[PDB]
Amino acid sequence: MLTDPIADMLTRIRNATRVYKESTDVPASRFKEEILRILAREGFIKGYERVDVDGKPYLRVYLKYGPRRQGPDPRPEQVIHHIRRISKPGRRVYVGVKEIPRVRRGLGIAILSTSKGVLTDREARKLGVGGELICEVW
Amino acid sequence: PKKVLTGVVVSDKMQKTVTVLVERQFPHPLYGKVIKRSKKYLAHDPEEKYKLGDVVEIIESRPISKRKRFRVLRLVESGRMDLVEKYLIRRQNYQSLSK
Amino acid sequence: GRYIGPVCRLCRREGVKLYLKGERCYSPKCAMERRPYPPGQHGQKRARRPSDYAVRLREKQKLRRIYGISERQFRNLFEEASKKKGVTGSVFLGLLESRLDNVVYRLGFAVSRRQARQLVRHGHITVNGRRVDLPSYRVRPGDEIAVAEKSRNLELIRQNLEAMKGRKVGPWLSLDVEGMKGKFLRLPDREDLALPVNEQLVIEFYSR
Amino acid sequence: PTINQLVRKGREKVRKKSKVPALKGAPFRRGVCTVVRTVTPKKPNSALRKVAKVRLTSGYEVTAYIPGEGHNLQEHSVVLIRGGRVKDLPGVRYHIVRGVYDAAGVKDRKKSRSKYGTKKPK
Amino acid sequence: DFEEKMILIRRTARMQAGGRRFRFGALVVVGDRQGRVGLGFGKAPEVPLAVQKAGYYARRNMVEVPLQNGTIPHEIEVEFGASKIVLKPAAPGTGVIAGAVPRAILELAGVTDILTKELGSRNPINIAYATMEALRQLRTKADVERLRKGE
RNA sequence: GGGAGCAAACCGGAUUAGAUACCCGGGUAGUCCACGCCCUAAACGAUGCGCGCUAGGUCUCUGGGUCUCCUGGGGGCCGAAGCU
RNA sequence: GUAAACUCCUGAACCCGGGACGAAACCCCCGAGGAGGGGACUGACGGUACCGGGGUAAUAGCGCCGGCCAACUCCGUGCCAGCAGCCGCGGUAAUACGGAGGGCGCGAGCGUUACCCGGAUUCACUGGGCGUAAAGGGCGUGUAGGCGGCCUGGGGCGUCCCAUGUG
Ligand SMILES: [Mg+2]
Ligand SMILES: [Mg+2]
Ligand SMILES: [Mg+2]
Ligand SMILES: [Mg+2]
Ligand SMILES: [Mg+2]
Ligand SMILES: [Mg+2]
Ligand SMILES: [Mg+2]
Ligand SMILES: [Mg+2]
Ligand SMILES: [Mg+2]
Ligand SMILES: [Mg+2]
Ligand SMILES: [Mg+2]
Ligand SMILES: [Mg+2]
Ligand SMILES: [Mg+2]
Ligand SMILES: [Mg+2]
Ligand SMILES: [Mg+2]
Ligand SMILES: [Mg+2]
Ligand SMILES: [Mg+2]
Ligand SMILES: [Mg+2]
Ligand SMILES: [Mg+2]
Ligand SMILES: [Mg+2]
Ligand SMILES: [Mg+2]
Ligand SMILES: [Mg+2]
Ligand SMILES: [Mg+2]
Ligand SMILES: [Mg+2]
Ligand SMILES: [Mg+2]
Ligand SMILES: [Mg+2]
Ligand SMILES: [Mg+2]
Ligand SMILES: [Mg+2]
Ligand SMILES: [Mg+2]
Ligand SMILES: [Mg+2]
Ligand SMILES: [Mg+2]
Ligand SMILES: [Mg+2]
Ligand SMILES: [Mg+2]
Ligand SMILES: [Mg+2]
Ligand SMILES: [Mg+2]
Ligand SMILES: [Mg+2]
Ligand SMILES: [Mg+2]
Ligand SMILES: [Mg+2]
Ligand SMILES: [Mg+2]
Ligand SMILES: [Mg+2]
Ligand SMILES: [Mg+2]
Ligand SMILES: [Mg+2]
Ligand SMILES: [Mg+2]
Ligand SMILES: [Mg+2]
Ligand SMILES: [Mg+2]
Ligand SMILES: [Mg+2]
Ligand SMILES: [Mg+2]
Ligand SMILES: [Mg+2]
Ligand SMILES: [Mg+2]
Ligand SMILES: [Mg+2]
Ligand SMILES: [Mg+2]
Ligand SMILES: [Mg+2]
Ligand SMILES: [Mg+2]
Ligand SMILES: [Mg+2]
Ligand SMILES: [Mg+2]
Ligand SMILES: [Mg+2]
Ligand SMILES: [Mg+2]
Ligand SMILES: [Mg+2]
Ligand SMILES: [Mg+2]
Ligand SMILES: [Mg+2]
Ligand SMILES: [Mg+2]
Ligand SMILES: [Mg+2]
Ligand SMILES: [Mg+2]
Ligand SMILES: [Mg+2]
Ligand SMILES: [Mg+2]
Ligand SMILES: [Mg+2]
Ligand SMILES: [Mg+2]
Ligand SMILES: [Mg+2]
Ligand SMILES: [Mg+2]
Ligand SMILES: [Mg+2]
Ligand SMILES: [Mg+2]
Ligand SMILES: [Mg+2]
Ligand SMILES: [Mg+2]
Ligand SMILES: [Mg+2]
Ligand SMILES: [Mg+2]
Ligand SMILES: [Mg+2]
Ligand SMILES: [Mg+2]
Ligand SMILES: [Mg+2]
Ligand SMILES: [Mg+2]
Ligand SMILES: [Mg+2]
Ligand SMILES: [Mg+2]
Ligand SMILES: [Mg+2]
Ligand SMILES: [Zn+2]
Numbered sequence: 001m002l003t004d005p006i007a008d009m010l011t012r013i014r015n016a017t018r019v020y021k022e023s024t025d026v027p028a029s030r031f032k033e034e035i036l037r038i039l040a041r042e043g044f045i046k047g048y049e050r051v052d053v054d055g056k057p058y059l060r061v062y063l064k065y066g067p068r069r070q071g072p073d074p075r076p077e078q079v080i081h082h083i084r085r086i087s088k089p090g091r092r093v094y095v096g097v098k099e100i101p102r103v104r105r106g107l108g109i110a111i112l113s114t115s116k117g118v119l120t121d122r123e124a125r126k127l128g129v130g131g132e133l134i135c136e137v138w
Numbered sequence: 002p003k004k005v006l007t008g009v010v011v012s013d014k015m016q017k018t019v020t021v022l023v024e025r026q027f028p029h030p031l032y033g034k035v036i037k038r039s040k041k042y043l044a045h046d047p048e049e050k051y052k053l054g055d056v057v058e059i060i061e062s063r064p065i066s067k068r069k070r071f072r073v074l075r076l077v078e079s080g081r082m083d084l085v086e087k088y089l090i091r092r093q094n095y096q097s098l099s100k
Numbered sequence: 002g003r004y005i006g007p008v009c010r011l012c013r014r015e016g017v018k019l020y021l022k023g024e025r026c027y028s029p030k031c032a033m034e035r036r037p038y039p040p041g042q043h044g045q046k047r048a049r050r051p052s053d054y055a056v057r058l059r060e061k062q063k064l065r066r067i068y069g070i071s072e073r074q075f076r077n078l079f080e081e082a083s084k085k086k087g088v089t090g091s092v093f094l095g096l097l098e099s100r101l102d103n104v105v106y107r108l109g110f111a112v113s114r115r116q117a118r119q120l121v122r123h124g125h126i127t128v129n130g131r132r133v134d135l136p137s138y139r140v141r142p143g144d145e146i147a148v149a150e151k152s153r154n155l156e157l158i159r160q161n162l163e164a165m166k167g168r169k170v171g172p173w174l175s176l177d178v179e180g181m182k183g184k185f186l187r188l189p190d191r192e193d194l195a196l197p198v199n200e201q202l203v204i205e206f207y208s209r
Numbered sequence: 004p005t006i007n008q009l010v011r012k013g014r015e016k017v018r019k020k021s022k023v024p025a026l027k028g029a030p031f032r033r034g035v036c037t038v039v040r041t042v043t044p045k046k047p048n049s050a051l052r053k054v055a056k057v058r059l060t061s062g063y064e065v066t067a068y069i070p071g072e073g074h075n076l077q078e079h080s081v082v083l084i085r086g087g088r089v090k091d092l093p094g095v096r097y098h099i100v101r102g103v104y105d106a107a108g109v110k111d112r113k114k115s116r117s118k119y120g121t122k123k124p125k
Numbered sequence: 005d006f007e008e009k010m011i012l013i014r015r016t017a018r019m020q021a022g023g024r025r026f027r028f029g030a031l032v033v034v035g036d037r038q039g040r041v042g043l044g045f046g047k048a049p050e051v052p053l054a055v056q057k058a059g060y061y062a063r064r065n066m067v068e069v070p071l072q073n074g075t076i077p078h079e080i081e082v083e084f085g086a087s088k089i090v091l092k093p094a095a096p097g098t099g100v101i102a103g104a105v106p107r108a109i110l111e112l113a114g115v116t117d118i119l120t121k122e123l124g125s126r127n128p129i130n131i132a133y134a135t136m137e138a139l140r141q142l143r144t145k146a147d148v149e150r151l152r153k154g155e
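Residue numbers (PDB author numbering), protein chains in the order written: chain AH, 1 to 138; chain AQ, 2 to 100; chain AD, 2 to 209; chain AL, 4 to 125; chain AE, 5 to 155.
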């Protein structure tokens with residue numbers, strides 16, 4: 001049945017990028033997209049587009065990565081260092097404005113659904129609002 | 002303003018009185034997760050109108066009796082025995098405890 | 002009370018010329034130029050590898066000893082330094098330097114910060130005309146640290162002025178030996194003081 | 004433990020017990036000697052330790068160590084009980100306070116006089 | 005050229021008929037006090053020698069550190085398997101609030117204002133390795149938008 | 001109820017300083033059946049259940065597809081990344 | 001150990017003189033007993049604070065000194081005497097007992113006992129774990145409760161924002 005589709009995708013992404021996949025799919029969701037479009041517009045992923053796998057609608061997320069590395073283990077640095085679901089289904093997380101998370105001294109993003117829409121930490125404080133802290137990435 | 006809340010009637014036995022069960026949601030003050038608790042109020046029904054399974058609004062009101070400090074503001078719907086189910090079965094289980 | 006006990010024994014602890022005497026400390030010794038080693042029968046044996054504690058400790062030992070101040074009044078200032086919004090490290094020192102018993106020393110009316118305290122408690126000083134005998138007095142900017150009227154004619158007062166003649170004085174300060182007064186201009190910046198202590202260690206030590 | 008579990012069962016508090024039932028949480032307690040005597044210590048050591056059993060105002064009855072060399076406690080010496088286990092002797096939960104009541108101070112001692120009720124000698 | 009300060013010097017020991025023979029560990033930190041920093045554990049049948057070895061092994065393994073006014077680009081949590089350490093940026097006038105081991109690192113690293121804490125284990129040798137691995141993953145704004153550029 | 005073999009307890013032989021044991025000769029509940037209780041265990045993978053995600057190589061069981069291979073569901077071993 | 005002695009300087013204490021702020025209103029006259037104005041009495045602390053004058057170098061104590069924890073030597077002692085918060089020290093060579101010399105840390109205080117929070121991230125929401133370290137229920141069926149896929153629409157409880165009362 002899969003409990004939380006959201007943290008699932010963030011995991012698909014995570015498990016994928018640790019092996020340096022070109023891109024990996026994920027079930028279709030209007031709300032799931034906003035997370036991606038924001039994740040791309042902020043430059044964590046190259047982008048995405050709907051697909052179809054045996055009738056099943058999906059969303060191909062094209063992964064971004066750093067350059068090769070010198071010395072032992074030429075492991076290319078990661079773009080998405082750390083994605084992590086915050087507001088979990090078993091324990092909702094709703095935040096006002098005057099305490100919205102500040103991820104890694106600005107060097108990080110922090111998504112959060114809101115009464116206006118899916119916005120980031122900085123973009124949310126723009127309009128000055130708050131809502132379910134979807135997750136943090138950096 | 003006179004406090005008001007809705008709840009399911011779940012007792013028609015008393016004369017000119019009914020029992021309303023009302024839920025309220027609120028986050029755990031240390032564990033966040035939103036949680037639900039409930040309470041039963043004794044509503045004054047002078048017209049013996051409202052019956053079992055009714056969802057109704059009640060209002061903080063003049064003390065009618067020892068436990069009655071509310072009145073049935075207005076009905077909301079009839080078919081709601083599904084809730085009366087969960088409440089009764091809850092009381093069913095108590096049997097399977099005390100030894 | 003101050004270290005009423007021997008003074009030159011303290012310098013011999015950090016292996017540093019702690020200036021706290023006067024004429025003598027510029028002679029051939031703050032007691033130093035003949036005994037560059039710690040007191041006691043030991044000391045002049047192979048010194049011990051000081052622990053992180055040993056150091057950070059004794060760094061704080063200097064800064065305090067330098068102003069001949071009590072641990073009580075001392076840490077009260079450091080803590081207060083922590084309260085006000087700014088670089089606690091340096092801020093401390095400025096507050097530490099705003100001491101009246103110390104301003105009179107910086108203004109050179111007094112040979113040492115100790116002689117300065119005596120002159121001060123003895124009321125020989127005054128701020129903005131009004132008399133003051135509280136060596137702890139927090140000296141405000143624009144305050145006139147003048148020598149008391151009946152005090153001017155004293156010999157010891159003159160001699161310390163006969164040495165402050167021409168020779169410059171703190172950049173945050175103005176002498177005026179003619180009027181025998183002075184002036185607290187502004188709270189010193191880090192550099193304007195040249196204390197032998199790294200103020201960062203002193204903060205560290207205040208965490209235990 | 005899932006958050007729901009925490010919402011239910013909840014995390015248990017700690018709660019600790021008092022190594023010293025001097026009772027009333029009193030910092031001290033007057034008592035009266037009843038058996039002053041010497042006792043051998045535990046495993047790794049050996050020496051004849053000077054202890055004294057004492058009936059408290061608390062209706063109790065307890066052994067208490069007597070610190071320092073030599074003393075003057077008899078079968079009825081009233082004396083102030085301090086509290087502080089002696090690791091060497093089994094069942095000793097309290098030190099006796101030198102310098103108070105029939106608890107005479109330590110003679111001749113010059114260092115650490117405070118901890119043994121010794122006056123400043125000329 | 006750089007700077008030297010040993011973290012610890014232990015005397016391990018192996019068994020063998022007739023008796024036990026020893027050795028000596030030596031963990032040393034090195035840095036220019038401005039950006040260059042390196043740590044090296046060295047072990048030799050003799051102390052001075054072992055310290056010396058730690059010297060070489062130290063000056064060997066190095067790492068540039070993105071200081072910034074004296075603090076750090078951003079707080080980080082790094083679990084070196086068993087031990088865990090957390091560094092956090094701090095406004096000037098603070099100081100080096102850290103344990104002994106991670107202090108000698110950051111101090112000989114130009115760093116001056118930083119908050120730390122050790123969790124999980126607390127074994128020096130491991131807290132050490134944990135601190136190095138910690139510093140490595142520090143990324144500057146330039147470092148960030150460089151990768152996040154993708155151009 | 002049934003009881004061939006085996007076999008705690010029990011008896012004898014031997015061993016040993018002793019030998020309520022290991023070995024040997026005997027031997028009764030029990031082991032089996034019907035019905036009713038008991039409800040424990042190293043009831044061990046010492047690994048709660050479900051769902052998705054993250055290289056492969058090889059052995060084996062079982063099913064489908066014209067089949068030196070592809071496609072499901074089990075039982076193993078070695079091992080990416082990773083975890084420890 | 002510049003420590004003292006010694007030379008010089010200043011002058012807590014003690015003495016002399018002056019000496020309050022705290023107190024303007026009730027009250028009295030003009031005007032109306034009003035608004036406005038003017039006038040008078042009242043101080044327990046207190047001969048106190050503070051001011052001016054004269055004026056003597058004039059109490060230091062406690063904890064610690066093996067590691068943590070930092071400040072070392074001599075002697076006496078000999079698993080005795082004793083220390084002790086933990087690890088431990090002493091069985092005739094103790095920087096761990098006691099005294100001394102010296103030293104460190106505080107200073108009119110210094111230590112001790114008790115109790116609370118800390119450290120303890122050691123009940124872990126922040127922020128912990130369960131193959132062998134303590135920890136998966138012997139296995140199932142299922143009640144309440146907890147949780148829940150993709151698209152559209154209504155309501156707007158949770159959630160978010162503004163304003164205001166309250167705090
Ligand atoms: Mg997670
Ligand atoms: Mg009634
Ligand atoms: Mg009635
Ligand atoms: Mg019963
Ligand atoms: Mg003193
Ligand atoms: Mg600021
Ligand atoms: Mg208990
Ligand atoms: Mg004690
Ligand atoms: Mg008394
Ligand atoms: Mg006395
Ligand atoms: Mg790893
Ligand atoms: Mg039979
Ligand atoms: Mg039978
Ligand atoms: Mg047989
Ligand atoms: Mg047999
Ligand atoms: Mg028989
Ligand atoms: Mg026998
Ligand atoms: Mg037998
Ligand atoms: Mg027999
Ligand atoms: Mg028998
Ligand atoms: Mg037999
Ligand atoms: Mg045998
Ligand atoms: Mg038989
Ligand atoms: Mg039986
Ligand atoms: Mg049978
Ligand atoms: Mg059978
Ligand atoms: Mg049968
Ligand atoms: Mg039965
Ligand atoms: Mg059974
Ligand atoms: Mg098994
Ligand atoms: Mg399993
Ligand atoms: Mg098939
Ligand atoms: Mg073939
Ligand atoms: Mg297949
Ligand atoms: Mg099978
Ligand atoms: Mg398989
Ligand atoms: Mg002198
Ligand atoms: Mg002296
Ligand atoms: Mg003279
Ligand atoms: Mg005079
Ligand atoms: Mg008079
Ligand atoms: Mg008056
Ligand atoms: Mg008056
Ligand atoms: Mg008045
Ligand atoms: Mg009139
Ligand atoms: Mg007027
Ligand atoms: Mg008057
Ligand atoms: Mg008058
Ligand atoms: Mg008067
Ligand atoms: Mg009075
Ligand atoms: Mg006078
Ligand atoms: Mg005179
Ligand atoms: Mg005088
Ligand atoms: Mg004198
Ligand atoms: Mg004194
Ligand atoms: Mg004292
Ligand atoms: Mg102490
Ligand atoms: Mg000692
Ligand atoms: Mg001798
Ligand atoms: Mg001697
Ligand atoms: Mg002698
Ligand atoms: Mg003994
Ligand atoms: Mg002692
Ligand atoms: Mg021994
Ligand atoms: Mg000796
Ligand atoms: Mg000791
Ligand atoms: Mg003596
Ligand atoms: Mg001494
Ligand atoms: Mg002190
Ligand atoms: Mg104390
Ligand atoms: Mg206590
Ligand atoms: Mg505690
Ligand atoms: Mg624990
Ligand atoms: Mg505990
Ligand atoms: Mg237990
Ligand atoms: Mg176990
Ligand atoms: Mg199991
Ligand atoms: Mg189960
Ligand atoms: Mg069971
Ligand atoms: Mg809707
Ligand atoms: Mg709300
Ligand atoms: Mg408000
Ligand atoms: Zn000197």
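Treat the hints as calculated values from the structure; they're not laboratory data.
A couple of the hints might just be wrong.
Have a look at the derived ranges for each label pair, beta carbon to beta carbon [said to hold, decoys possible]:
id, chain 1, residue 1, chain 2, residue 2, range
1, AL, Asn7, AD, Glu80, 24 to 34 Å
2, AL, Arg14, AE, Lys92, 24 to 34 Å
3, AE, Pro96, AD, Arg139, 17 to 27 Å
4, AD, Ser137, AL, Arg14, 44 to 54 Å
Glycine is no exception: its CB is placed at the ideal position from the N, C-alpha and C atoms.
Cross-check of the supplied hints:
1. AL:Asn7 / AD:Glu80: 24 to 34 Å: At roughly 45 Å between Cβ atoms, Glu80 of chain AD and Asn7 of chain AL fall outside 24 to 34 Å, so the hint is violated.
2. AL:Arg14 / AE:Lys92: 24 to 34 Å: holds, 27 Å
3. AE:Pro96 / AD:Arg139: 17 to 27 Å: holds, 25 Å
4. AD:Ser137 / AL:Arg14: 44 to 54 Å: holds, 50 Å
Hint 1 from the list above is the single one not met by this structure.
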